[PDB]
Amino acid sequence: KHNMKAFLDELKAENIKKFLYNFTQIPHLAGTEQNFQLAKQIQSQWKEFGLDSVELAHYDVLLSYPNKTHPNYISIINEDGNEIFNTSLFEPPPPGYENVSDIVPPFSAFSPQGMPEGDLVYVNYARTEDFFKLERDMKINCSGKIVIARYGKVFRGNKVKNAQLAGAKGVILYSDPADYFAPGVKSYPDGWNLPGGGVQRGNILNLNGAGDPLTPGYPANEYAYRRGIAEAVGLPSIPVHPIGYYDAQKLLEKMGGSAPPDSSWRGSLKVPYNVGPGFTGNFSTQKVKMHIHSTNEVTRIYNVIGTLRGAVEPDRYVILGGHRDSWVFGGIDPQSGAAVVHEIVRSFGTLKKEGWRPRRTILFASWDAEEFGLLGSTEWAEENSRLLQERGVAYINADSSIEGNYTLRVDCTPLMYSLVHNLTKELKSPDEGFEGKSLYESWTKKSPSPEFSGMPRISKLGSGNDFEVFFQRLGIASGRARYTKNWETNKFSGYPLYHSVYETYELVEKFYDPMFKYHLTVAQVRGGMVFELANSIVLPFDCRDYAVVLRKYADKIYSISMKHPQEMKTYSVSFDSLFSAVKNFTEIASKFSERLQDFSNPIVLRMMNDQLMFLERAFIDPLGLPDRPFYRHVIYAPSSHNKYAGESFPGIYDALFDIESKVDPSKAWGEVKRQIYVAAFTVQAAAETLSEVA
């Protein structure tokens, strides 16, 4: 028999291990020859594995690279202009790789060039609330200062945007051991912690979904018209550079001015964590000087796109996608995900060679340039948006399969909650102590739902990965799953060796998943999801689960507004329309579910499958959110303060945020009311797609 069990049993931990080793021997930086060679290898193997067609889709996009003959670094500079301390020019390479070439040194991709010199201000994690505390409570002015900020908590591009709007002239990002050194574990090569010479690479763009900075809205193909650099989307205006904690210690130890306002501002280094501006009396005349010489360059990137044509509904696409480009060796990020995808393709191809085809078409993608802003997935989606709009059932992402070894982590649309619960009840837990128990059971025990007893936690989708264009721009039901750690407050900060040269095959094989059983479990969850989506006769979406969360989000946004009762009285701010819409959605979704269970008629079925597929689509507003035209979903958007986190009712949330500080309250509350109207209208309109059609 060719059923899900057949598919799942064909998946092998040993194959995932072999592929991970194969993908992590050399760096695969986007836009380099090594990454094009790997693209061609994947294309060849996917063909051999049995896919119907496998093509490369290429685009020419803006990328950013250090200057190989003019290195980036930071100095402390004395009175006469002597550089008395310099940060490192590279991370000490790990054992056995000290002769690997083409390791890109640490840098902040898309930083402009410059050599700003000035006094430091320490800004904690450079969050919106950190800058509020500095400016509003401590009365510290960042204008013309170099800001130094620890990585963690929020996406680094939000830190840089926040520093820019505070008037900083440069930003120094560093990894504090408080956030990147787990107590009781040794530094790499002897454990999974970050060494003091380790540094986290990463882009610092604020693209808000646009894709290639030069071609927002349209694919960066051969004849594309490109914006000039000055009109490009999302580029920072001040130099930025990341460093390790040995270097950070040197920059922070001399800091003077005000003490940290409280303990949540102190990391684990043996320094005071003074906010400054500048150094204590004796060194008051020393300054910090950045030297940044990276260049932005239009460069070709390559996505691999494989197709397994559906036997019954070939014009319905279920997509499994994840990226292939890495900062250096990509031992976790992305190759632990890419190896999982490779073994999924292999398993589907085995069934296919025995005569099976899925009901719907499955597209597999190896995206390029994810690390430079989701560029490959986004340009491809821009090129194919009409096909995806009218045919896309679902998108399952497949970046890193592991960031820990504790339990499952799933973020998805409410439409997939039931599918995930059901699938996980049928899979074996890989966890010690849960042998012979289901994955659902271990996951629910280790990660309890905050709302419901006997259910696991499933989070909203944010952004910072390749599902963004499919979900937030195009309104295609999306999900992601991986194995994760038990470190709640580190949820968005990365595992310690994130985007460092130390993220290697050996890291994974020695410290994370020596038996590749967590990888295998993730392959079963991602592959199982794709299988059910592509093969179930009725699409495995439950609209009633959206109704439940919509009520939760409506209660939440109302509660935020109700912190301002006088203003809601003055400006007649009512949430009645939104609750009415949610109530109607709940009622109509209940009735639709009855019909779906109560309906041999392929037209009624497909009519109903189209209602299910277009339901996520109905939450899209073609006008986008305010000043973010590529974030079009009215229920979910990446937080304006942290791209990694999702926000619900984002248009109303942003209208309410810090509203007590707005100069014209009439205008500000008017915009809250506008956003309430838009949300109520969109929820009612989405509900009406589930009504009987005629």
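Residues that one form lacks are left out of the comparison. Definition used throughout: the rigid core is the maximal C-alpha set that superposes within 1.5 Å between two forms. Numbering follows the first chain given and starts at 1. First, how it differs from the form deposited in another entry.
- Fit the rigid core and compare the CA positions between these two forms: of 453, 489, 82, 282, just 489 moves by 2 angstroms or more.
- Taking a Cα shift of 2 Å or more after superposition on the rigid core as the cut-off, the single stretch of three or more consecutive residues that moves between these two forms is 487 to 494.
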The other form holds:
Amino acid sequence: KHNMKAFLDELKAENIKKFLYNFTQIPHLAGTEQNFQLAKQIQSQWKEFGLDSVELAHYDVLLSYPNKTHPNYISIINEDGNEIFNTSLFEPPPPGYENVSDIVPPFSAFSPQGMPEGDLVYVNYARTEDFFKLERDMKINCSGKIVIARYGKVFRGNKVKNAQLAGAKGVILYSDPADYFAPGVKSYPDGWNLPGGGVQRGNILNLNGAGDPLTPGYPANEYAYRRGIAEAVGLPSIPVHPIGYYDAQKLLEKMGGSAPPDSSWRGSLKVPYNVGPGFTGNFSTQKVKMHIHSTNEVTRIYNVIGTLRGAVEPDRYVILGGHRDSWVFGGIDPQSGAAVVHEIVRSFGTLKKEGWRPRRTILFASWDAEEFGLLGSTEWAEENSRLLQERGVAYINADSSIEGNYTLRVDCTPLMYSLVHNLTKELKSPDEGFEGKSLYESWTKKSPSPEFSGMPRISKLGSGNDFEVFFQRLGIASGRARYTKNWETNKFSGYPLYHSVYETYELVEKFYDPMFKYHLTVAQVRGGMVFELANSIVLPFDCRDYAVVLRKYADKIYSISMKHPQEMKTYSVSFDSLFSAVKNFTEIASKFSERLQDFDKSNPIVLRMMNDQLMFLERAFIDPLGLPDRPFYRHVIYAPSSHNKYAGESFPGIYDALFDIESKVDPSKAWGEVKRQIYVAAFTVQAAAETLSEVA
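Now that you have shown the form deposited in one PDB entry, what about the form deposited in another entry?
Only a single chain is listed, so you will not see partners or other molecules.
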């Protein structure tokens, strides 16, 4: 038969392994010839696999590259202007890749150019609370200083924004072994740890969902009108550069001024972690000098878009998308995901060649320029926003398949909780000790829900990947899944070799997943979700799961406000309308679920009428006016944290109105805005609930 089992059985670990090897032999940096060649290869292969059409969609977007003949580096300079220490010009290449051409050296993409020279202030992780501690408590002023910040905890673009706002004239990012060196594990190539010469690449934009800096709101097509640089969205105003911990130790070791305020400011290097500013007595006349010569350049990028047309609802789209561009070899990020997508396409194509089609259309996407700010996914979504908003059922992301090998991670809309629970109960666990058990069983045992007994953890979607435009701008139900680390025992950030030259095929094959069993499990989770979404008669969304989470989020935001009881009294700040809206959503969702199970199952119009109510439910949380000063974050329930793009925040409008409210100079205005955000949230919740009422 042609059912989900046939689809799942056709997926092969050996094929994913072959595809990963094929995708990781040379770098595929966005905007380069090598990445265009890979796009053409994937287009050809998807056509051979059996898709109905496979096209390239190209855009000309702002990218950023170092200057090949004027390299970026940081110096310590003495008072005579002699450069007495210089940071590395490149990462030592891994074994057997020492002759590989076009490895981009470490840089912070979109840094402006400059040669700032000054005294160093150490700012821990450069989080909002680290700057509060510096300014408010320690009385240390970052104005005109170069700040040095360790990577980890929050997206690097937020670190840069924070340092800017503090008055820094430059930022040095580094990987501390505390965050990137797991105890008892060897450095690459002998283990999966970051060596002292390893460096994390990555963009430092603050786009807030805009896509290409030059064309916010519209696709960067052939006739696009571009903003000038000075009006571009999200570019940093001060030079920024990343270094490894051998170079960081040389910059930190001479630091003087104030002691670190507490142990949470100390990494693992043999240095005092003094905050500064500047160096101790003997070295006090020395300074730090950055030399950044990178350039921003409008550059063509290419998405591959494959279509498998639906048999019954060809105007309903289920999208499986992940990116193809990499910083260097992309052994994990993204090619561990792209190899999984490739095998998924191949499996669907095998069924299609035997005469099967899914009920709904499935679109497959190989996005470009994700590493430069989600640029390929967002420009294509801007070009196709009308089709997506009226026909888009769901988006399933497919970046890295592994960030560890311990258990499953899922982040998604509450509309997909039941789907995920049900699918994982039918899949085999790949874990040692769980032979013959379900994936649901091993995942729930290893990663218990903080709320419910015998349920697994599912997180909110944050951001920092290609689902952002589909979920927080367009309101299309979205999800992601991968294998992850043991969250109890592993205190490090992500995986140690993230966005380094050392992220290779060998890293994966030797240290993460030699049997490709975790990759296969992730292909079964992502593929199975796409299968159910595209083939289930009734869309596999449970609106009642949204009701449960809305109450949890309402309790949470109310609890934050309730730290200020005097102000709530004075300004008559009530959450009554929001709780009322959540109560109503709960009631209306229950009655809808009854209809959904009791409706005349012979009637396709009642069915699609009810499928449209299911599809447009995520869409109902969109506010066309967007969130304050973030017009492309339009979802009222979920936005990326204003302090950390990677983290989701619930009721973000209210959260940001309440954040550090006790420091606002005009409490009446600040609490008025809290009340405005309560109104907007309560209204949006009730309006979303009413989409599930009887239609007439």
